[PDB]
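Okay, so here's just one chain, in structure tokens, the form deposited without the named molecule.
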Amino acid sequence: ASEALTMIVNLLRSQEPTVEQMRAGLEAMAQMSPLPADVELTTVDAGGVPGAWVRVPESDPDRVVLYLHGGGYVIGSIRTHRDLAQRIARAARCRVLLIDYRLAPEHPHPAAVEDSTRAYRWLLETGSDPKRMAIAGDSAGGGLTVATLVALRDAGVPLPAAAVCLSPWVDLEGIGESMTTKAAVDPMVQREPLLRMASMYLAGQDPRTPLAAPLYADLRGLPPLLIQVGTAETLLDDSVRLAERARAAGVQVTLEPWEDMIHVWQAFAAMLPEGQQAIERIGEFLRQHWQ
């Protein structure tokens, strides 16, 4: 991989923090991403879920990604993922709706899925067309993407044109082979912090609850899925198992394992070339499915 990957890995290598410390730490890290001056942010009440529109000059205003941020269902915000959102808006030439879905442990499962489905229904109510829509998310948000599609389908809501999972988290038990075999080469995600966040999200519910852990959900009738994942990830086998399940359910899956990439490497696109290349691919995938 690019020499820039070492710079990122060193940043990650330099760190039992409380939830408040984890949240503040991510908000602090996000301050380092300068938001380009051509990015227009509009805060909105997305049908009872706080949100922000992210638009850039070449945003086709009728095309919309509902973006679901990562953070283990415990941390992250509209602000932490605003840079990833503006980069997707730019590559996909669309508007992005970022939502502040309810977080655990304060608001356990299924609050995140209630919020994501409510925001999607609100986009429909306010005139967005599903054939010009997609849902996308990273890590916990990638699992939330799959759960949101399952929940919308089950409620008879029309599904979007496509969906995008970046290093999705879909196994809340961490029993993928890669959780052991890639532990040595993953500088961000290990089994223990995952299980702690799963514990906060589940609040004693079955860890195979389908809308929490969509590795166990019925995926039949989902729209075309792009899964991007790094081979230097403990969560590699979450993407592999998700692709297996979706394909067995007849879903059109593109599984893209990026050699040597780390967890949500797209987030480091300002300094990591493979990050910007992966976002350009997301843009191409979405524009393909919107044609």
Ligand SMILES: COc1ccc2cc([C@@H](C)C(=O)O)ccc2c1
Given for the second form:
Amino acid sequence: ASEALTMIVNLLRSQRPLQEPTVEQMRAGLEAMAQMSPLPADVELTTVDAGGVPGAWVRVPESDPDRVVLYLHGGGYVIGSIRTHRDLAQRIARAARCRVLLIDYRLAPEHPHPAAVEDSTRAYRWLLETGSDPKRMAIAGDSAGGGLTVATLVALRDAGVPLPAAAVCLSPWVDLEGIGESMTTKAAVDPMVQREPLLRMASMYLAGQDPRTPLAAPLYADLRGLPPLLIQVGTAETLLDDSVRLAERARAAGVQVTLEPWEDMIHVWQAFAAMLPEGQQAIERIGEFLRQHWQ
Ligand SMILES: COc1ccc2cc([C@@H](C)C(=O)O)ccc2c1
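Would you mind generating the form deposited with the named molecule bound now that we have the form deposited without the named molecule?
Everything in the complex follows now, all chains and molecules, and the chain you saw is the first one.
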């Protein structure tokens, strides 16, 4: 891996937003870290009411105005915001030459499951209502937002809503019990995600519901009929086996899955693309994948 990976690992070993003592401090910690990646001058942000869900349009100069990624931010269903993820959103908008709708879906513990999935499906339905075409759309998300991407597709399919051309999952979180082998075997090399904080956030999202509830933990969902899926994951991740098991389940369901394991990469390494070469390389691959499925 690039020497820059050592700098990102060192940052994460000291700035541990998932290990902050309160939800308020976890939220503020991730906001402080995102504020470091300064936004390019050519990014246009437009706040919008996406059918009752607050959102922001992210546009860059080469955004095709009729192609849209609905972007579902990570943060364990508890943290993250339009602010934390607008840099990753603009990088994807640039690579995929599209507009990104970044939504502020309801967060736990204030709004437990299924609030997040109600909001992601409402935003997608609103895009259709306002004239977006499914063959020029995609849903993408990181970590909890990667799990929410799969759950959103399942819920839309079950409601008879036309599915988009493709979907992208970045280090998705789909096992809310943390029982993947890598949760043990990669614990020593993951500077961000460990079982204790994952179970803390799962508790807030589930509010006593079965941790294998399919739209909360899509490792247990019926995935038949989903569109082509790109799963990017790092091998230095306790969540590696979330991606491996999701790929197995989607392939068994007849889905066109690409599983891309990036050697030595850490959780949502794409968010560090300003400093990490593999982050920008992975975002270029996301853009290639989306443009191929919109052809
Ligand atoms: C430098 O900027 C960032 C921005 C968002 C980030 C999000 C995560 C995790 C919690 C995520 O939402 O998947 C990690 C690092 C991040 C760094």
